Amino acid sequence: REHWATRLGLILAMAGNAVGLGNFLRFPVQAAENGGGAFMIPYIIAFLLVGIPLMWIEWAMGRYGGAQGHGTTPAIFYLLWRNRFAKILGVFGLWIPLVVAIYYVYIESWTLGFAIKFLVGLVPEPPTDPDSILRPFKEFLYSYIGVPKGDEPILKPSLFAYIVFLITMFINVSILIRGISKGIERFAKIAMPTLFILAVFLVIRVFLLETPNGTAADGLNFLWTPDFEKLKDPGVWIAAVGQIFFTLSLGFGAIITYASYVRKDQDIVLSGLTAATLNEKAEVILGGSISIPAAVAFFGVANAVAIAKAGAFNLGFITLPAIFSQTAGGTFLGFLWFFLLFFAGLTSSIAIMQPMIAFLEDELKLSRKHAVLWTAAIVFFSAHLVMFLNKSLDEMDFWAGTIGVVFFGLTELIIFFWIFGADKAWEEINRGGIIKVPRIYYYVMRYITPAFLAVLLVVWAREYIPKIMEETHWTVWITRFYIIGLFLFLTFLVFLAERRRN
C-alpha cells in the first residue's frame, strides 16, 4: 500500500482536504444568515462535540482499513462489522464524495476562470449607487455560467467556462495520477503555504477598508459579538453542525481514504487534531475576516446580511469583486481572491475523487492511472447535469453534502464505536498516538455525539419528507433519478469486487 512520505506532508495534505471553498464561501454566508456572533457559540460547541471526535474516528477507521489494504468504506465497514448490509451502507462513502465532487469541481472551475479573466483584466467596469456597482458583476457571473432571465430550467454555459472546466479536470488529474506521496503531498506542501499567505494578505487588505458606510472592523465585531437570543433557535444549531460536517470533510469518506495511507504505527491523534485546528483557523480567522468585513465595510451590516441571505455565490462571485473594483488595484485583488479560492478548491477536490480512485485500486485491482482516468471520466460526464440543468447543483449539494454527510457520520460512528465495540475502537484510536485523547471524549463519542446526530436527522426528516413529494421542477427529479442511478452503479461495482474476492 502507498503511504505518506513525511508527517508534515500528511498534515498539509489533510489540511488541504479540510480547508477549501467551505471556508471562504459557505462559512461567511452561514455565519451571516445566522446572526454573526450568535452562530459562533453553537459552531464552537459543534466543533468540540462533533467535529473532533468524528475526525479522530475517521482517521482511526482509515488507518485500520489501510493496514489491511482497504481505503474505502465498502470494505472497511465489512472489516468492522461482518454483513452484506455493512457493504451496502459502505457504498455511501463512495456515492457521497462522487456526487459532491461533481458540482464542487465545477464551482472550482468557476474560481479558475474568474482568476484568469481578472488576471488578464477582462472584467465589468463600474463607474455611487450600489445597484449600478453590483449589476455589472451579476451580469458577468450570469453570462459566465449562463443563468436564465426568469426562472428557467436550462443553463447556457459560455464556451470559456466549459473549456476552463476541462482544464480544471486536467489539473486535478495531473495531480491525482502521480499518487499519494508524489502527486498529492508534493502539491500540498506548496498550495497550502501559498494559500495561507494569500489569505493573510487579503485579510489585512480588507481590514484596511473604511468608508462613510462602515468599516471592516464593524464586520469583525458583528461576527465576534455574542448573541444569546438565537440560542433557542434550532436552525442555528442545525446550520452550525452542517457547517462543521462540510468544512472538516466529515462524512464524505475522504478523511478515511486519506487516513488509509497512514502507516499502521503512525500517530493519528496529534496529526488529526492539528489538521482540524488548522481548518478552524483558516475558517473563523481567515474566511470570516474577508468577505463579511468587506461587505459590511462598503454597504453596512444590514445590507451585508441581506446580501449574504441573497445567495452563497452572490457574496463571493459578485459583491466582493464589485467592492474591490472600487479600490486602487482592485482587479488584481479580485484575481488574488479567485486564485486563493481555486487553490483551496483544488486541494479539496483531489481529496473527494481519491475515495473513488482508491476503491478502483484496492477492490477492483485497477492501476492508479486507469482508476484516475475513469474516475475523471465519470465525474466529467456527470458534470454536464450540473452545468446545463438549473437547480441541479443545489439538489446534489443537499442530498449529498448536507443530509448524506450527517447520516453517514452517524452510521460510521455507530459501526465503529458500537458494533465493533467501544473499547476496541478507543484503543485503536489511541494506539501509536503521540498524545492521547482526553478520557471524557470516550463518553462523547459513545453517547453524546450519536444522540445529537440522531436528533438532528429526526428533525430534518420531519421537515423534509412532506416537501420532497411536492416539488414542481423537473430538473430536480432528473437529478435525483441520475444520482440514484449512480448509487446503483457503485453498488454494482461493489458486487463485482465482492465476486472477484471469492
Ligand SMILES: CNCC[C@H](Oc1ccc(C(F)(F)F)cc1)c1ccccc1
The other form holds:
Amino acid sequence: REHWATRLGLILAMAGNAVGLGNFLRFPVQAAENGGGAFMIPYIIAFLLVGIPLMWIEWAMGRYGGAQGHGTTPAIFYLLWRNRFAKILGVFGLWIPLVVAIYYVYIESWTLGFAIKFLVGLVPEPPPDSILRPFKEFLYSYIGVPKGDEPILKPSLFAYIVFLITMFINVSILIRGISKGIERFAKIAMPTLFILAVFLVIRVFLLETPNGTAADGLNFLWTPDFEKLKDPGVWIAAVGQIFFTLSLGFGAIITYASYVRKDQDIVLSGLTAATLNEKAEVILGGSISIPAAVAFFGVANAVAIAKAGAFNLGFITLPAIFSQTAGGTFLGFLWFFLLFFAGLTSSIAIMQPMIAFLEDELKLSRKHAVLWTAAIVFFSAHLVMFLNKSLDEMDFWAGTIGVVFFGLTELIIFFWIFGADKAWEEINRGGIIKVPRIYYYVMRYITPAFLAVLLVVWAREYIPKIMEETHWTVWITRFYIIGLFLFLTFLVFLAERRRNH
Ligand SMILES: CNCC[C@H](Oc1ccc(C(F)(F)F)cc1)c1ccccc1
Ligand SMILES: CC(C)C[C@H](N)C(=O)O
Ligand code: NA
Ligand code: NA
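Mind giving me the form solved in complex with the ligand, seeing as the form solved without the ligand was just shown?
Now the full complex is given, and it begins with the chain already shown.
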C-alpha cells in the first residue's frame, strides 16, 4: 500500500483536504445570513460536539481500513459490519465525494479563470450599483447565467477551456500518487495559501469608507446574539457548515487516513488538522469577505448582498471593492489565486476515494484509476456547466443533507455495531495523546442523538419545500445522480465477484 512519507506532509495534506473553498466562500455567506455572532455559537458548539469526534472517528476507520488494504467505505463498512447492507450504505462514501467533485472542480476552475483575467487585467472598470453591475455582468458572461426564460447556462469558451486545464492540473497531481503527488503538492500549496490569506487579511483591515471600516464587519461576526439560538434553521446551517468545512461525511478523510500506517498516531494529527482548518476559517476566511463588504456598504447592505447570492460575495462584491483601490486588479488576482489553491488541495481529496476504490477493489493501476475517475467527473460536470440549478441540487443532496446523513451512518456503524469499546480502542491506539474520556459519551450518546434530531427536523420542515417548490429541471439532476449511485452500487457488486474469481 501507498503511505504518507512525512508527518508534516500528512498534516498538510489533511489540512489541504479541509481548508478549501468552504473556508472563504461558504462560511462567510452562512454566517452573514445567520446573524453573524448568532451563527458562531451554534458553530463553535457543533465543532466541539460533532466536528472533533467525527474527525477522530474517520481517521480511525481509514487507518483501520488501510491496514487491511481497503481505502473506501464499501469495503470498510463491511469490515466493521459483516453484512451485505453495509456494502450498500458504503456506496454513499463514494457517491458523495464524486457528486461533490462534479461541481466543486467547476467552481475551482472559475477561480483560475478569474485569476488569469485579473493578472492580465482583462477585467471591468467602474465608471453603489454602478460599482457592482460590471462585475455582476463579468461573472454572468463567464459562467453563462440564463438571460431569458430557458433554464440553460451558456459558459464562455474561456470558462470551458479553463475547466479542462483545471482537470489536467488535478490529474497531474493525482497520477503521481499519495507521497509524490498529493503530499508534495500540499507542502507547496499550504504555506503559499496561508501567506496570501494573511496578506489579504492585513490589506482588508486597512479599508475605510464613509460607510465603515473592516472592524465593523468583525464586530458583526463576533457579537453573540442570544435571540437566535432558538431558530432550528441556524443550527442546521452551522452543523452543515462544520461537515462541509472539515470534509466530514465525504469519505475523503477516511481515504486519506487509509494511507496512514497501522501504528502511527491519529489523535493529535487529527486534532491538528481540524484546528488548522478552523483557524483558516474563522480568522482568515472570516476576516476577508465580510469586513470588506461591511467597510464599503455597511452591515445591512452586506447581509442583503450575501442573501441575494452566495457567489455574490467572492466573485462580484470583493473584486468590485478591490478595483476601487491602488493595485486592486492584482489584489483580485491574489484573492482568486488563493481560492484556486484552496480548491485544488480539496478537489484532489474528493476524487481520491474513487481512485482508491478502483485501485483497491477492482485492482486497476493508479494511471487508469486516475484517468477513468477524471473522465467520469469531466463528463458529468457538463450537467453542472449547462443546466441551471444543477449545482444547487448536487450541493444539497450530496454536500449538505448527504454528508450529515453519512456522518450519522458511519458513527452508528463504528460505535454501535462494530462496538463502542472496540471503536474507542482503535481511535486511541498509537496516539501521542489520548482522547479525553468525556468524548466516549459524546461519540456514543450526544453526537448520534443530536444528528438524528437535526435530520428529522430537516426532513419535515425544509426538504418538502425543495422537493416541491423547485423548477422541473431539478429532476434531470436528481435522475442523473441517482444513476451514479446505481452505477457505483454495480461496481461494488463487480468488486466482490472479482474477489471470488
Ligand atoms: C448560488 N447557489 C449556490 C448556493 C451555495 O452553494 C455553494 C456551493 C459550493 C461552495 C464552495 F465554494 F464549494 F464552498 C459554496 C457555495 C450555498 C450552499 C449552502 C450554503 C450557502 C451557500
Ligand atoms: C468537499 C470538501 C473537500 C470541501 C472542503 N472541506 C472545503 O471547505 O472547501
Ligand atoms: Na474547510
Ligand atoms: Na483545500
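In this text, the rigid core denotes the largest set of C-alpha atoms whose superposition between the two forms falls within 1.5 Å. Positions refer to the first chain, counted from 1.
Asker: Which residue, chosen from 67, 468, 455, 435, moves its CA by 2 Å or more between the two forms under a rigid core superposition?
Answerer: Just 468.
Asker: After the core is overlaid between the two forms, has the C-alpha of residue 151 moved by 2 angstroms or more?
Answerer: It does shift by 2 Å or more.
Asker: After superposing on the rigid core, how many Å does the CA of residue 233 move between the two forms?
Answerer: Once the two forms are fitted on their core, the shift reads 1.0 Å.
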